[PDB]
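With these hints in hand, go ahead and build the complete structure from the sequences.
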Amino acid sequence: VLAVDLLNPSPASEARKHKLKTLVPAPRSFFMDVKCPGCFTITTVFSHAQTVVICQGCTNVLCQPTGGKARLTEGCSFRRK
Amino acid sequence: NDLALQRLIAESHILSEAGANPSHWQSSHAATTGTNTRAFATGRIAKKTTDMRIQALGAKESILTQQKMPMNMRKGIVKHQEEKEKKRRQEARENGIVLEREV
Amino acid sequence: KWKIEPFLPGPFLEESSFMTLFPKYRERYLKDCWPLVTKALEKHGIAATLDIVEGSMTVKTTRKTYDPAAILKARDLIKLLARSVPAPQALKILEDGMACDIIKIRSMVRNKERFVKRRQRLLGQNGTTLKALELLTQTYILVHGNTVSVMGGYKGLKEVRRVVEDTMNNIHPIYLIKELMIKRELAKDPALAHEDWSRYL
Amino acid sequence: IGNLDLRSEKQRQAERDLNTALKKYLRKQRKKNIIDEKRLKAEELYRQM
Amino acid sequence: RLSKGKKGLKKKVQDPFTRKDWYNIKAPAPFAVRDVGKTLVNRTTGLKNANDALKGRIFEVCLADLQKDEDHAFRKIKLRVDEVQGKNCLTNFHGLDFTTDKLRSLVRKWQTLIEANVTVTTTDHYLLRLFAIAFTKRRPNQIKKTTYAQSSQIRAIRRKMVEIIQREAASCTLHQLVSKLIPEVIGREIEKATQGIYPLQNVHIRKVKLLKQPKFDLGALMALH
Amino acid sequence: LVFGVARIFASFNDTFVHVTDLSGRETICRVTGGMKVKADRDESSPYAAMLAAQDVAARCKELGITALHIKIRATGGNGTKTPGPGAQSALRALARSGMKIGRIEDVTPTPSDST
Amino acid sequence: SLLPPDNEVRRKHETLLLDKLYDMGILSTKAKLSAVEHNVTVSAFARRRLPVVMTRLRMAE
Amino acid sequence: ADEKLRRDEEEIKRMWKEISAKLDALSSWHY
RNA sequence: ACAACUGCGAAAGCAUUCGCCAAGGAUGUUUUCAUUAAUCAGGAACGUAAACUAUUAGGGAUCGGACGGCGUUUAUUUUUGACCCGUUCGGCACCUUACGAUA
Ligand SMILES: [Zn+2]
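Chains as they are written, first to last, in the numbering used here: chain G, 79 to 159; chain R, -11 to 91; chain U, 12 to 212; chain C, 202 to 250; chain W, 1073 to 1297; chain H, 1453 to 1567; chain A, 10 to 70; chain P, 236 to 266.
A couple of the hints might just be wrong.
[To be verified] Which residues of chain W face chain U? A partial, calculated answer using Cβ under 10 Å:
# : residue
1 : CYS1134
2 : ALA1136
3 : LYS1174
4 : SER1177
5 : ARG1210
6 : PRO1212
7 : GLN1273
[Unchecked claim] Here are some of the chain H residues that sit facing chain U, going by a computed Cβ distance under 8 Å:
#  : residue
8  : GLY1486
9  : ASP1494
10 : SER1541
The hints are simulated quantities; they were obtained by calculation from the structure and are not laboratory data. For each residue, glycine too, the CB sits at the ideal point set by N, CA and C.
Set out below in structure tokens:
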């Protein structure tokens, strides 16, 4: 307070700032890869999906939508990129 | 327009803190307190009400207040009175009791 | 014809008991004002317990209680202690000639800002109209949120009932206090003991 | 003049680092009559004893 | 001392207790005690036999003197009477009511009560209404003063409440329903099954009202007694 | 011990000491407050309630019930929901002259929404 | 003073007290109770003593 | 009440008896 | 009664349950046309009373999302919810300070 480096905020204070209020704004959502153990299929799901994402066939599920992050279903794997 | 109505409303604090309401707990305590069971309590209440009447007639300063104190007594007295009124305001904000608004 | 004698001297077969429930901000004050309450209720013969875990005041008639109206006195006492009347006044209901009353005034004004204005009008400038009503009616009035809790003799209960309804119905309490002062002045002399006093108000 | 206030030192260190008596306990706390959940735990302990 | 009346109004007083006889009252089956009191009814003769009035009356009696347990100082029950014997008065269930002292003794501020009403019919074709009340549980080791359930959560609680009372009162007869109402099995199961939605401090059934009884059968009415 | 149910309607204008059987249908004996006091001003008074309770307890001990369950009420629709002096004074006199009291309940008509 | 102002015993004892003090020479007037407020004084008694009153009467110097 | 006024008047009568005795004895019975 | 230093609606206002009908707010998104916008002349829809009076700089509460989790209770164990905590948007209101003002 009184003087601070405004071009170099700390990553920890930057990380607790709201989305639109970081120095250059940017998202905080991510993409996941999801397989369901009987299938060798790799569907890529967005973290905050509004669609009941289905794998390439097999009338299953992969996630359900919410007010925030998509709740991935049951036993499923996820790497995140 | 009316006089004795205006006198009954202003002096109600002094009367109800002196002795005049035996169903109120503060007045039922001050009816046996000792400074009202003494010999000339009614005359002393009369002096207080006459001082308030001349104040309502236009006097800026009082006769009953003490004017010189050693600055630690007056700071302790004013701080204790303000803390008492603040604690009553907080314990009336909780319990939902509404109180008289005054700055 | 109106005075009531204290009870001189087992009148209870089924061991009666009453309960009331209070919140936490009252739990603190009740926890450090309770020994006065159980002292006076032991002088009346009724066991009074307090439960900070559930938040409940209980009274129950013991073996050696002899006054049978004491259980009604104690039930009203724990009702007022739950409804945050201060403790010496709640214990002042245990005298013979006192009674409490709760006046629901939220139903009387449709608006909200008009209700807030009329409630503060009932309370008055610096509480002066409220303590003037307490003096003229010999009552204890507590403007309690949406309700008004009054205590005192039954005559004063009736007059503060009339004054609270007329204050909510936009008649001013200063007008009602002037009315009560005129009634007190007329009832002072019994030369005018039975006339229709409407020619003076 | 200058010795320790032992109660105040114990309270300072506390705010820095942060079958024969349990019957007369109930004898002293049945008289209040505040119920006071530590007494509920003491009643369960007395029932187990 | 001085009278007040008009001209020729005081009739000659007749004794009304020559024409009155007492009748002991027995409670139905699932209550612990049977002799519950005594009723002074008029003397039977032609032109309104007194057994019609004895078929008409109902009683209101607490559960403490029935179960001999002062745990139930509240929950006053109501007993119709439809049968008569020699110096006897056989009764049946009609309704179950709280006391308004407990209804004031349950309501606290900064917590939600949820009320639910059902019109359920037992297997003996008695229609009855069950009014359940349920106060919200203040969780220990909490700091926030208000334990408010959301409105959608209240609607889910009321839905589970009416589902439980329908599924556990539609299958039994009236005698088993009273035998389940007495130790409050219904409120216990509502407390057990609603705690995944919002925990409830106490669930009671505050009223039972029998609306219509289409049968007069002395077989089951005496199988009670 | 034959329990009779005593309805005590304690208003501000008159008190009603009323004794019924357990049913509620058959009135055993009632004495109002104003029939014991010459003054309509003092009709609702502790003396009136004491006289009424003494007469009611005398009649019901001549009939031999000697035990009451007491239900106290007041004017409750748009009224006061509090009993007058008649309730306290009548219960005091009633149990002071015999009459082992059983269960006490204040059954006032409380409206869910009146006006 | 603390008695009410229209009281008979207040008026009678005011006249008695003022007449007694003026007869003893402490007060110089008998028509004000503020004389007994702030004019009755141990110096007034001590100047009603004998050597001061004969100093005033010039019996001595 | 009025008993407060009567008690105050009797207190002033008692005070004046004591004070008149003291003042007459201090003026040495010339009064 | 619950019933609030709360919630919703632009305002007056709105409190029993359940069903239907559209609408609205905020949040989240891995959503699109890219100035569409701001303000109000004219105009248009909704409608007995009064009476004492670019930030402030955060903190404590509060509710509506969304995310995270040492854990207690659901839970016969996963959901999920309740409680506690932290981050983040959004909003009714409190106090302190004015950043000042000014009629
Ligand atoms: Zn697949």
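So, going through the hints one by one against the coordinates:
For W:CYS1134, the interface hint holds, the least distance from its beta-carbon to any beta-carbon of chain U being 8 Å, beneath 10 Å. Satisfaction of the interface hint for W:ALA1136 is found here, the shortest Cβ-Cβ separation to chain U being roughly 6 Å, below the 10 Å cut-off. Below 10 Å, beta-carbon pairs count as interface contacts, and W:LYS1174 has one with chain U at about 7 Å; its hint therefore holds. This hint holds: W:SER1177 has a C-beta 4 Å from the nearest C-beta of chain U, less than the 10 Å allowed.
Hint on W:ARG1210 holds. Least Cβ distance to chain U is approximately 8 Å, under the 10 Å limit. Hint status for W:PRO1212: holds, given a least beta-carbon distance of 9 Å to chain U, under 10 Å. Annotation: W:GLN1273 was flagged as interfacial toward chain U, and the flag holds, the nearest CB pair being 9 Å apart, inside 10 Å. Because the closest C-beta pair between H:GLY1486 and chain U is about 13 Å apart, greater than 8 Å, the hint is violated.
About 5 Å separates the beta-carbon of H:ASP1494 from the nearest beta-carbon of chain U, less than 8 Å, and the hint is met. The beta carbon of H:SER1541 comes within 6 Å of a beta carbon in chain U, closer than 8 Å, and the hint placing it at the interface holds.
In this structure, only the earlier hint numbered 8 is contradicted, and the remaining ones agree with it.
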